[PDB]
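Protein chains: 2
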Amino acid sequence: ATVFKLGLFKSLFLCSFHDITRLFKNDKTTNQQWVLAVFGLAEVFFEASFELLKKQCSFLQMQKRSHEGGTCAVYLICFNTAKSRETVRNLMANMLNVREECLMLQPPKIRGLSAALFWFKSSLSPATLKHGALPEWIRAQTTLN
Amino acid sequence: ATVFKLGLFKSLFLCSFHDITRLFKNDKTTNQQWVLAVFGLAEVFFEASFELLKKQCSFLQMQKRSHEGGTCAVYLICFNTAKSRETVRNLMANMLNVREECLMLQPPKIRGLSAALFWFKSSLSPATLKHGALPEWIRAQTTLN
DNA sequence: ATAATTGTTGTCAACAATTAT
DNA sequence: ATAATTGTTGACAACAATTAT
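These protein sequence lines are chains C and A, in that order.
Okay, so the first sequence: first residue is 159 according to the deposited numbering, each after it adds one.
Okay, so the second sequence: first residue is 159 according to the deposited numbering, each after it adds one.
Wrong hints could be hidden among the right ones.
Any copy, or any two copies together, can satisfy a pair, since identical chains are not distinguished.
For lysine-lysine, the following DSBU-like pairs were computed, each having C-alpha atoms within a straight-line distance of at most 35 angstroms [as the list claims (entries may be wrong)]: (1) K267 / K183; (2) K288 / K183; (3) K288 / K212; (4) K267 / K279; (5) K212 / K241; (6) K168 / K212; (7) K212 / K279; (8) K222 / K288.
Keep in mind that the hints were calculated from the coordinates and are not lab data.
Using the sequences provided together with the hints, build the complete structure.
Put into structure tokens, the structure is as follows:
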């Protein structure tokens, strides 16, 4: 089913989930920055999650799209504390009120222009929910040096 | 807890918070049924909390009112598991996204007509959010024997 | 350098037990 | 009987360490 996942994502955000995330084959690997793809998220919970994550984050950007084929949302989170996938997998699964089977968690692709812009383009749209100062790896890759 | 909380509560629900709760002077005392009074609760979180509590409850009834002096909501929760006040105090404080200083947690007054009806009257209003079968101590005290 | 792996510690919910009102 | 008190156990997040790519 993971196949129908990525396909749906790319379909809504016009770019492969991979083009914005590096791999972490171990759910125990800890890290602060995480990219989250959610499916079937309820509007209310989306709004809610925002406020709750602000408390424990340095930066946070949320976007949500949908259509007659299914809904989805993306999260760029910078937890004040390093969290393993399990840790996050648990925290969010509950916070968003969705089964784990509806979550894709991979660290961001901090080294890549294509990616770095995806976050910028979003930070432009008003629909997007932002909080905190843009991560360094993002501002740098998107500014005339 | 504080003058404000009560005075405001009684003001909105037309009855002293005491008339529907028995005392528990120890935050460690465990129990399944809890009455919760919240203040400054955000609409979104109210709606959210509902769905999240259903997962871990046998029964649940939520009501919310307000006015140009303050807002307030009441919760009658029947956790599938016995929880100390601390436990609940923590769970909700976060779930509702409000500081503990904005919560009054006392077990329900399972023996008292005046009280038993408060829950019934509410279960009548459509505005109220209900889930599960009415607690025994409630149906019994509100039915022609 | 990056992250897969393994292990240690602190916090807290689930829960047993014992005393006191 | 009810609940104030104290204590035990299990799950898990925060975090140190060590190996492997």
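Structure-based check of all given hints:
When the C-alpha separation of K267 and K183 is checked against a cutoff of 35 angstroms, the pair qualifies only within one copy, where the shortest distance is 15 angstroms, while the shortest distance between copies is 52 angstroms. Taking the shortest Cα distances, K288 and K183 sit within 35 angstroms of each other inside one copy (29 angstroms), while across copies they are farther apart (43 angstroms). For a Cα distance limit of 35 angstroms, the shortest separation of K288 from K212 qualifies both inside one copy, at 10 angstroms, and across copies, at 30 angstroms. In the homo-oligomer, the alpha carbons of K267 and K279 lie at most 35 angstroms apart inside one protomer (16 angstroms), although the nearest pairing across protomers, at 56 angstroms, exceeds that limit.
In this assembly of identical chains, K212 and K241 lie within 35 angstroms of each other by CA distance both inside one copy and across copies; the values are 16 angstroms within and 28 angstroms between. Taking identical chains as interchangeable, the C-alpha atoms of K168 and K212 lie at most 35 angstroms apart whether they share a chain (27 angstroms) or sit on different chains (33 angstroms). Only within a single protomer do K212 and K279 lie at most 35 angstroms apart by alpha-carbon distance; the minimum there is 21 angstroms, versus 38 angstroms between protomers. Taking identical chains as interchangeable, the C-alpha atoms of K222 and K288 lie at most 35 angstroms apart whether they share a chain (12 angstroms) or sit on different chains (30 angstroms).
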